[PDB]
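What follows is each chain in one-letter form.
Number of protein chains: 2
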Amino acid sequence: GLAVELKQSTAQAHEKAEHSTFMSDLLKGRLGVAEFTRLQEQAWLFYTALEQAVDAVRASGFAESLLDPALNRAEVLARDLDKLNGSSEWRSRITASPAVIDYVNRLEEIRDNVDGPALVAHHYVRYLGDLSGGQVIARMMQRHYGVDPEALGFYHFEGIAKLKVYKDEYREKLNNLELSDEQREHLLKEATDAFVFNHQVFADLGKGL
Amino acid sequence: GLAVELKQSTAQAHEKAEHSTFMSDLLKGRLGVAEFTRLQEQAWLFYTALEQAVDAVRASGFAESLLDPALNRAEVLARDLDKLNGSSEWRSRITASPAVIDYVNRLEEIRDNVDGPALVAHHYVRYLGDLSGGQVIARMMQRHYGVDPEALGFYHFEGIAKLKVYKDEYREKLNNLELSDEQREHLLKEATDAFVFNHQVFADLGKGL
Numbered sequence: 007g008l009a010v011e012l013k014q015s016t017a018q019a020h021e022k023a024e025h026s027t028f029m030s031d032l033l034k035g036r037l038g039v040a041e042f043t044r045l046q047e048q049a050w051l052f053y054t055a056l057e058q059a060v061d062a063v064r065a066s067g068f069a070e071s072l073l074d075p076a077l078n079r080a081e082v083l084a085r086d087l088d089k090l091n092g093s094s095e096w097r098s099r100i101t102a103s104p105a106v107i108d109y110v111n112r113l114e115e116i117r118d119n120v121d122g123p124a125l126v127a128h129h130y131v132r133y134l135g136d137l138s139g140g141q142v143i144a145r146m147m148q149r150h151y152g153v154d155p156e157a158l159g160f161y162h163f164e165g166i167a168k169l170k171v172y173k174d175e176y177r178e179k180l181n182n183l184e185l186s187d188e189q190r191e192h193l194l195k196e197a198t199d200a201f202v203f204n205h206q207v208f209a210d211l212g213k214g215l
Numbered sequence: 007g008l009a010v011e012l013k014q015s016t017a018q019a020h021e022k023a024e025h026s027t028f029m030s031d032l033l034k035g036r037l038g039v040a041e042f043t044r045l046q047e048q049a050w051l052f053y054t055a056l057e058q059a060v061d062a063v064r065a066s067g068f069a070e071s072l073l074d075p076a077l078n079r080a081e082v083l084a085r086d087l088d089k090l091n092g093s094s095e096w097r098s099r100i101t102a103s104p105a106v107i108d109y110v111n112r113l114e115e116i117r118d119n120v121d122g123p124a125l126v127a128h129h130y131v132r133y134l135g136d137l138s139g140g141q142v143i144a145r146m147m148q149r150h151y152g153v154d155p156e157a158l159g160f161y162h163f164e165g166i167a168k169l170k171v172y173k174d175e176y177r178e179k180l181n182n183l184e185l186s187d188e189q190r191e192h193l194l195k196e197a198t199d200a201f202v203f204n205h206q207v208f209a210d211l212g213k214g215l
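These protein sequence lines map, in sequence, to chains A and B. Mapping the first sequence onto UniProt numbering, position 30 (from 1) lands on 36, and the numbers just tick up by one. Mapping the second sequence onto UniProt numbering, position 115 (from 1) lands on 121, and the numbers just tick up by one.
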């Protein structure tokens, strides 16, 4: 089963990303809404790239059922940022941190190579993470930083009626993907790389705080 | 209800804040008018910030009955400082201690995010403290150090006829404030933070910072 192997294969990189100082301080309430907003601005950049890659791979006819467009976060995130920032002009200010430049560059490579297995790896890391831990992070942003729940649209999946069921079905879709050994190994390696990119995103965010 | 939970949730932080060496020394007469004046100068900086946040949250329509304008201290405090310092010199002289920088930063962030639950937390900690502990302070500054009550206007609430009734009604408003679970959690979290900020202001004063 691919879902189980992905979990085990990526365990070290996953633990390290999740326990970054930035995320750890954020979730304990030691930072502020500013840092949460900076996180979401960087996320808007890499979700934009991710979803271009998703679009390409879906259009190619690869992993169609897994690549549910209901999962798209980029536009929802832009609306969150309009609220957090109070104006629509964050768009001109923000620029990718060095880790985000690297992450986006890989996602664009995946888009242009229409690399289905590598895309699936990235999709798992971001969206299964969002589905799994999203309510936790959302609850924390309200509890610690008083964030308006209307500015946490990112953590809400409209039209997914029941997250439990969805996550279970997502893992089954992973299990049911037809992959050669070469593709599966490519996917697995990429999933660790994707956790690593995210770790470095947090490291950039926490620098000099 | 909330007033009781608030007292209970903040008990450890409150006790630590109340037992600072600086305040202990000041209140039992080991210090002097100079130290009391340094306190009030730092207080003017954070009341100025606090009252900007209060004005923002009141304008927004949140907790209106709690945010009684009669509580405003900044202008009264500036006059006390004119008397303590003998002129307006203090205005261009004073600077925020590292602790007061952090405290003012928080108050400005509450103002910018118009964070009503957070503001109520800070409002309780300062004003309900003034209507209780501050009353002892005013008596002791006069008795221990011969401070003229003319320079203790900060501790007199001209708009408030009966402190006992006022405090009881304040707590009943707290009990009747409509809050989501998340807002309530946020208010409780901020209230502990507010006591810690104040403890750190006293630590800096004691360190001559």
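Hints in this document: simulated from the structure, not taken from any laboratory. Be a bit skeptical, because a hint or two may be false.
For chains that are exact copies, the list does not tell them apart, and a pair is met inside one copy or across any two.
Here are the simulated DSSO-like cross-link-like pairs (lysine-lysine), alpha carbons at most 30 Å apart as the crow flies [as the list claims (entries may be wrong)]:
#, residue 1, residue 2
1, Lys195, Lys89
2, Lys213, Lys179
3, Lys89, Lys13
4, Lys168, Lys213
5, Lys173, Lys213
6, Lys170, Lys213
7, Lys34, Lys13
8, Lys213, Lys34
9, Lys195, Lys213
10, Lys22, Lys34
11, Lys195, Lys22
The hints, checked one at a time:
1. In this homomeric assembly, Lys195 and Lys89 come within 30 Å of each other (Cα to Cα) only across copies, at 23 Å, whereas the closest approach inside a single copy is 37 Å.
2. For the identical chains of this complex, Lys213 and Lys179 are neighbours neither inside a copy (38 Å) nor across copies (42 Å), given an alpha-carbon limit of 30 Å.
3. Taking identical chains as interchangeable, the C-alpha atoms of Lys89 and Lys13 are never at most 30 Å apart, the minima being 35 Å within one chain and 33 Å between chains.
4. Proximity of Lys168 to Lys213 under the C-alpha cut-off of 30 Å is found in neither arrangement, the shortest distances being 37 Å within a copy and 51 Å between copies.
5. Proximity of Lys173 and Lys213 under a CA criterion of 30 Å is satisfied in neither setting, with 33 Å inside one chain copy and 44 Å between copies.
6. Taking identical chains as interchangeable, the C-alpha atoms of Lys170 and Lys213 are never at most 30 Å apart, the minima being 35 Å within one chain and 49 Å between chains.
7. Both within a single protomer and between protomers do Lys34 and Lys13 lie at most 30 Å apart by alpha-carbon distance, with minima of 25 Å and 22 Å respectively.
8. Within a single copy, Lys213 and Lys34 get their C-alpha atoms as close as 17 Å, and across copies as close as 28 Å, so both meet the 30 Å cut-off.
9. In the homo-oligomer, the alpha carbons of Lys195 and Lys213 lie at most 30 Å apart both inside one protomer (27 Å) and across protomers (25 Å), since each shortest distance falls under that limit.
10. Taking the closest pair of Cα atoms, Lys22 and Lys34 come within 30 Å of each other both inside a single copy (17 Å) and across two copies (21 Å).
11. In this assembly of identical chains, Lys195 and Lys22 lie within 30 Å of each other by CA distance both inside one copy and across copies; the values are 16 Å within and 27 Å between.
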